[PDB]
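Student: Read off the chains here:
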Amino acid sequence: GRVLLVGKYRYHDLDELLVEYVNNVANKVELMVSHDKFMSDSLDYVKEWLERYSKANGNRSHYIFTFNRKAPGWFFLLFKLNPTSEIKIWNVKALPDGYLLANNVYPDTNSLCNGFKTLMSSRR
Amino acid sequence: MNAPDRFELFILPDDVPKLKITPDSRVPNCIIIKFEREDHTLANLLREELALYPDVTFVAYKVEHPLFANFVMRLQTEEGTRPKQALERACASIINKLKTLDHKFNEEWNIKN
Amino acid sequence: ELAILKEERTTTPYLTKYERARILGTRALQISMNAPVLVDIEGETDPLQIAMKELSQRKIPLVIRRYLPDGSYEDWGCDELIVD
Amino acid sequence: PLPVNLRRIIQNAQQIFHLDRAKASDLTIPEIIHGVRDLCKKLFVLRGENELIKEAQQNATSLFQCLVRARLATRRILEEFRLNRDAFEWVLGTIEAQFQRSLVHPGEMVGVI
Amino acid sequence: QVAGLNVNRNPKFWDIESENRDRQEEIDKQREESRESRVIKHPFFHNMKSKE
Amino acid sequence: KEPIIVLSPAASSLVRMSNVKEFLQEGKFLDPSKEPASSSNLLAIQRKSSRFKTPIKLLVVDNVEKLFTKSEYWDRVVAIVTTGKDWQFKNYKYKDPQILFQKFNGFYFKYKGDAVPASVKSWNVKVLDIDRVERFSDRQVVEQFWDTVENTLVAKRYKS
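Quick note, the sequences are listed as chains A, B, C, D, E and F, same order. Start counting the first sequence at 1346; every next residue gets the next number (PDB author numbering). Start counting the second sequence at 1; every next residue gets the next number (PDB author numbering). Start counting the third sequence at 71; every next residue gets the next number (PDB author numbering). Start counting the fourth sequence at 957; every next residue gets the next number (PDB author numbering). Start counting the fifth sequence at 1242; every next residue gets the next number (PDB author numbering). Start counting the sixth sequence at 206; every next residue gets the next number (PDB author numbering).
If we strip away everything but chain A, and leave its shape as in the complex, we get:
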């Protein structure tokens, strides 16, 4: 087909679609993996590690990222405010222009972390 649509994104050829969408998504995924707050292990192990780290460091709120094995192309953001606070998981989508969290597009992982902290502060 002369016109290709991937959600709201519109492309004109297979190569254009590939380069503009898939390469950017892969780069953002690598940036998320290379980020200091990433863990590719299983969700239960991520929850256990977060619980242990929060119990050991109950003076701060800890957030980590992990793979969304059920929904490919997504990420689970698990954050625990304190040992007494329940672990809350948020959904992050790997988009070509960045990461979509709470209907907000963040160009980079550090920008995503700053936005998450600002959202937590505002909701608090």
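Treat the hints as calculated values from the structure; they're not laboratory data. Where hints are given, some of them may not hold.
Stated by the list, open to error - Ranges of calculated distance between the beta carbons of each label pair, as one might list FRET restraints:
#, chain 1, residue 1, chain 2, residue 2, range
1, C, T80, D, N961, 26 to 34 Å
2, D, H974, A, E1375, 43 to 51 Å
3, F, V359, B, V27, 18 to 26 Å
4, C, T80, D, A978, 48 to 56 Å
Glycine included, C-beta positions come from ideal geometry on N, C-alpha and C.
Using the hints provided, position chains B, C, D, E and F relative to the given structure of chain A.
Tutor: The following block gives chains B, C, D, E and F in isolation, referenced to the frame of chain A:
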């Protein structure tokens, strides 16, 4: 039997544009102009007028075939000047030259009448 | 019996001009008779041009059978014959 | 009259690789000898491993091999033509390909011609 | 105007159920069609299943 | 400051980052479809020429989005490789292909015997043909490409 009508030399069909302009991308700031139902009379006049402009670096024309009444002209100006403006300036300048020529001929004819 | 094994084929490994012309004609006719096209067509519409495009990419699904004078023959695929 | 023009190939190589200048060649003598010797065995007119086929193949290219060895001698290559390595493999490949292209096509009706 | 015949369709002497059943049989036959595979020429295109 | 050579990130390109080094430098052409994809978008090659006493080091860049933040980098561009696609030039210095191709050297690589795309014929770019079977002409094609590039480099009075 196969001879075309003589009025096809100068009568323009409705679907055929008198003047089609297409850019020439091989060199910068160049256009190719296709004149329909015209011949050397207009082409040579325009070419020799444009050849004297300091901002026109290439001007040429050719009649592809004598049996078809059209010619194609290549024009290419400096960076500052758009070629179509140069073509318009050439047309206006030749019109003024012809106007003053007509006025002077009328004066001379009245004097010598 | 009459067929010659692939290992002992001794004819030229190139597509002769007669074979090229016949292959192009046959493929063009087949395409004009609504045969499937094995290459992507950008904007081409002439069956001969589509056949030439197929030949350049070694995608023509035809076999040349070259007849030796004694009656034996060699079967060459158009995908394994070198074309200039 | 002989196939594939060698002079044209050599001057094409000289123009392509800029074989002017007093620069010294990096083409060793054993490469020249072995390359020409191997080339004189890849001019296939007849395919097959049969001994009689090999004898006919050797007979069919005697004059042409004499021409090639006359032109691509060691002294002539190093001094008269001043080819470097890359020019040398290019010349060998071009000679082989052109010779393959100059053969007769099965199906010629040579009697009528 | 399709059933222009005046044939008495009384259930006592006419098997309406059989004719109806045959009618959905033939209508489902009409719904039946054919499908074939798609061929695309692209370096990164491969005719594979999801698991494949 | 090393000059820059820009390649098309298109998958149909005959010259990609995977096989650019063996082609432009070593003179041997390999089919990029069979070669594995290269993760690095920056590569460095060495060119040996009779015009220059010393080999020239050049940088090959596939994507200019992350490497052309400064405008002065465009002064180092000496060659552009395109696949005849308009969308390559969305983020370029001159988003129109024409002006880019009068202000920069454009090269299009095609197999011998293949038809040129229409947009390529409408642009001011060189056409370089690579044979599908014979591999001795790869050095010749590379030599033509480097002849054009070296002419541009000498015209720019580059210092090495």
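Student: Taking the hints in turn, state whether each one holds.
Tutor: Evaluated hints:
1. C:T80 / D:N961: 26 to 34 Å: holds, 29 Å
2. D:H974 / A:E1375: 43 to 51 Å: Given a distance of about 45 Å, which is inside 43 to 51 Å, the answer is holds.
3. F:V359 / B:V27: 18 to 26 Å: holds, 22 Å
4. C:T80 / D:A978: 48 to 56 Å: With a Cβ separation near 50 Å, C:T80 and D:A978 satisfy 48 to 56 Å, so the hint holds.
This entry satisfies every hint, going by the numbered hints stated previously.
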